[PDB]
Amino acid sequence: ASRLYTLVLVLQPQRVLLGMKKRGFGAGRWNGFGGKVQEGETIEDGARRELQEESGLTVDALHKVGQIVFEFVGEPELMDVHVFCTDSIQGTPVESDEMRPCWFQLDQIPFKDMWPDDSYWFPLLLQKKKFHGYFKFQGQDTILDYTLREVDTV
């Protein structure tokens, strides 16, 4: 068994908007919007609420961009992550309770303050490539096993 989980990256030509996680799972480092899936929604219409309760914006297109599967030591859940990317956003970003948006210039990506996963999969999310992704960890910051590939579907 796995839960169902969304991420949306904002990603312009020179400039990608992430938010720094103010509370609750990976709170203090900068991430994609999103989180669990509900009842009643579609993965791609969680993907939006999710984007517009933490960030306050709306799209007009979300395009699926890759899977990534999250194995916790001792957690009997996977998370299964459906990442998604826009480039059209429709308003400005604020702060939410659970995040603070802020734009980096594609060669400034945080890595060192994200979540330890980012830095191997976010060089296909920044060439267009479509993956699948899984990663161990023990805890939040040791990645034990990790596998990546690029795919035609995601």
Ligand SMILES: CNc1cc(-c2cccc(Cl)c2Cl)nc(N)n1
Second form
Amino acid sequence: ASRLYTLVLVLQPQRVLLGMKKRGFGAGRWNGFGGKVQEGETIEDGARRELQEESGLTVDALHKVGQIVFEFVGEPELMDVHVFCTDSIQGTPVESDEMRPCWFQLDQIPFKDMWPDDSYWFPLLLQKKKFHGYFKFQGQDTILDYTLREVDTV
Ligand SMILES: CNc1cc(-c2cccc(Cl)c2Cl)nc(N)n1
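Switch from the form solved without the named molecule to the form deposited with the named molecule bound and give that structure.
And the full complex, kicking off with our chain again.
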């Protein structure tokens, strides 16, 4: 009962790229670049595609950094999110009708205007740790329960 998603963070030594989603699920929050994996696409090819479509950047190497399952109470389908990270990109970020990318200094990550789970796992991503997480949500603002652990292999 799970649907595959990817999420990609462009993380450089002193800054990270986030996008403000303007419409759809997650609108009004800053997040990485991501979406549903398509038929006939590998997860990693999905991640490259999402990044390229939503940010305008061309990515070279992608690195697996985590897997997070999200459950929304009342909704049958779980989100199975494969998280990736890259510091090897070409192009400049592009704002579109769907998404406004912005660079953030690592000391000014806008946690209060991100999904609340990011407060837990983003610091692990920043310190180059790999993780497996589960978050149970009620609606879009409230984490009822979660688990999060560091792993050697995603
Ligand atoms: C429910 N918590 C979430 C949900 C999501 C999310 C929402 C829409 C699309 C995609 Cl690909 C993702 Cl990963 N992202 C974060 N950081 N947290």
